[PDB]
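Before any questions on binding or motion, here is one chain by itself as structure tokens, the form deposited in one PDB entry.
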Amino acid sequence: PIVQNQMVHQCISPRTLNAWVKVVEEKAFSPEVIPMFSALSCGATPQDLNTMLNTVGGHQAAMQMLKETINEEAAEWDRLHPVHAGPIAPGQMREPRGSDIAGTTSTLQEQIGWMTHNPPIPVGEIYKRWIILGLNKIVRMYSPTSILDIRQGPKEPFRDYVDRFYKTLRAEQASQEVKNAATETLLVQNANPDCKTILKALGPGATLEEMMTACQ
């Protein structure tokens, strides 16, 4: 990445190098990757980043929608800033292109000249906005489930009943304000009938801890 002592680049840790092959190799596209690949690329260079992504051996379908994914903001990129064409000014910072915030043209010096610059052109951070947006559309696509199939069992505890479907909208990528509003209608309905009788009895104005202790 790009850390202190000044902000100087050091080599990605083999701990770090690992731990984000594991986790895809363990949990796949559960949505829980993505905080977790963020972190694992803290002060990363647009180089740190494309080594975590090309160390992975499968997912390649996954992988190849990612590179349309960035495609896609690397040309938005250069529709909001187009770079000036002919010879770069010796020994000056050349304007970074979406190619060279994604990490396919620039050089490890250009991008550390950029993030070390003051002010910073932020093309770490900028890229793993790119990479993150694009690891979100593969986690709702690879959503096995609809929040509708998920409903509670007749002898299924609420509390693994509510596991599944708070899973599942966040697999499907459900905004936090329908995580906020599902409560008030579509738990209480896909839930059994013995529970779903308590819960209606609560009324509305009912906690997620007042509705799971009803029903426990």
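Note that the rigid core is defined as the largest set of C-alphas that superpose within 1.5 Å between two forms. Residue numbers count along the first chain shown, from 1. Compared with the form deposited in another entry:
- The residue that stands out in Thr168, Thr69, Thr183, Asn190 is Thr183, the single one whose Cα moves by 2 angstroms or more between the two forms on a rigid core fit.
- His84 shows a C-alpha shift of 2 Å or greater between the two forms [criterion: core-superposed Cα displacement of 2 Å].
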Contents of the next structure:
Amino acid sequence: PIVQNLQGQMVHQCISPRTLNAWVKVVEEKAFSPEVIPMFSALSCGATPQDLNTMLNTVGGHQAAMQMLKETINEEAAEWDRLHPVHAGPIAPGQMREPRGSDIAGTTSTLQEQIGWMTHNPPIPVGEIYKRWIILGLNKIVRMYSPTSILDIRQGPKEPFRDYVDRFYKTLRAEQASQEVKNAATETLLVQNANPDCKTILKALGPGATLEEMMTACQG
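For comparison with the form deposited in one PDB entry, provide the form deposited in another entry.
For this one, just the chain is written down, with no partner chains and no other molecules.
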């Protein structure tokens, strides 16, 4: 990673054995449950492209997913190249060549170049750009290994309303839509997929009941 030391300077540090192991274990234990994304995001804080590639290369199995991720990266890289074309010419002392997409993904760039960009004044944050690409791919994978649509989450006749709501929002976490789309669909669908006794009570509350009010109302 690139971190600040105790004396106020951005420096390169080795990825730690703890970080590496934390990520490997997360994938082993949880596969591509939604929570693997914020865990990846937090474990990769400060990462260079080389560090990100290391993390992705240590994933055991799941190589269909990992290839889909490479394809997502390649599409983002091609968009970057269209938007930020490289001008040819000798690079001046006191300057860094402009990165292409393949450089941000660490494929055609050296570690020294990556540090150069990430610590330039002003910085070209190739780590952060690459990470955003990876997260877009990881979201696709989460959605793909999600077994269930929110349309199929229905409260059972004897199912406590809290357990139903737990299942509903856990399923929703795996959907790949904006938060606004998720929320408004949810309002109405949560009621619609409730069991007849709860649905009755929930209709009675009227629009604009908070979840807390809903869960109190259907406690038994």
